[PDB]
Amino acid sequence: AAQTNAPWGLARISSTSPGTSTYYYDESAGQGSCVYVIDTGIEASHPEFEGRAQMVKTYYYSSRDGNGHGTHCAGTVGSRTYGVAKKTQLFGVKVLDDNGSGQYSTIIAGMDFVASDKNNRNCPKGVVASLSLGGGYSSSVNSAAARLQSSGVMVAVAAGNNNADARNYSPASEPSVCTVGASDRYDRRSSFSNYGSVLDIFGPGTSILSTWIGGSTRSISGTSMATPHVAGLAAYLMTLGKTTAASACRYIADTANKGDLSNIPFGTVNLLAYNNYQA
């Protein structure tokens, strides 16, 4: 399939070169997979989700996304226009309040929730979780992410927006999950993107157009935006049968565009998420 005039990040993930505008992908499009977006929620009513999104959990007085951040991330995973995996099922877990903040204890509860909740969902092709959040180093937060991964979920987490080594942030620093840095449309490391040995992969993160609350759309930037490209890619690849939850981060690294990003610090992977789709 070909989507013309796609957001640059979608075009990037199906291209051996920057500077193109058509997204190419297998029509299966993540059908039969599931992606949890652990964030401020998802506006499930947004026409862009086509009934494929739903809220499954909140820790606050509402499951509504009163921020937009979670809706944007979910859009990059699986919206019809702005998404990588256009037929995946999206599950919202609201661990962040409408200010975009969340106590680590609530975030941990949300991760353990997903590990159990997948057993209540139909995801024959596999399960992914996208965590566009983080804070300072916490062994408990890392351990929760590790459990989620261990349970059979492909966990993708944001590296962070500190232009610093991600070793000092969680869940970014957890070795067993897929830690995602951000790039821009000219294949530069995004200026805010964290880096370091703990990174596994980069994805498009600067000036990313996606869904927003009130049935709208918005361009924003962050490792929060790169993460759902990788989560959606994993779901897409799992539907194709090319990889599994336990192997998807490795597979994505194996098949990434290599050595093409600029301003990658010595010791950080130079790998850009790529679907290796040949139309």
The other form holds:
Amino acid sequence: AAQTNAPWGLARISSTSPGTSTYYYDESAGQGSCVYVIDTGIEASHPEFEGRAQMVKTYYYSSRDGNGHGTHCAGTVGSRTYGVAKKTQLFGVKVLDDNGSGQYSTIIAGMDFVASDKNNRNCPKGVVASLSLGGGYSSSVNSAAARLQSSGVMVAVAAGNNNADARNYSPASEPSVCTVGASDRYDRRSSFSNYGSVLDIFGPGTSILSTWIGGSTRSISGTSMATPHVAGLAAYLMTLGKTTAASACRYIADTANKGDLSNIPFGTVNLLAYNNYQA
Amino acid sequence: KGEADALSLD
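Got the form deposited without the partner chain; could you also share the form deposited with the partner chain bound?
Okay, now the whole complex, with that chain kicking things off.
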């Protein structure tokens, strides 16, 4: 399948080179997989989710996304027009308030929730969790991330937007998950993207168009936008049977575009998410 | 716009 005039990020994921406009992907599109977007929530009513999105847990008075962030990330995972895995099942877990903030205890709780909740969802092709959030180093947050991964979930987390080594940020610094950096349209490391040895992969993160609340759309930047590309790619690949939740991150790294990014510091992988789709 | 938030670590 081919999506013409797709967001640059989608087109980059199905290309060996930057600057293309079509997103090529297998028609299965992540059917049968499930992705938990652990964020500010998901506007499930947005037409772009076509009924494939549902809120399953909130740690606040309401399950509504009063911010937009969570909706945008969910959109990049699986909305019709802006998503990597267009047929995946989206589950919203609101651990961030409407200002985009959340206590670590709450974020930890959300991760444990997903580890248990998946045991009662129908996801024959696998489960993925996308965490476009982060803060200072925390052994407890990292352990929660590691537990979620160990439980059988493909965890993708943002590297952080501090233009620094991700070793000082959580859950970015947890080795066993998939830590994602951001890149721009010209294959440059996003100016704000964290780097370092703990990074596993890069995804499109600068000027990323996706869904927003109020049934709208908008472009924003962050490692937060790169993360759901990798989460969506994992789901896509798991549905195709190419990999599993436990191995998806290294499978994506194995098959990434190599050596294409600029301003990558010594000690950081030069690998960019790639679906290797051959019509 | 990007990321989220921190502290406490349960």
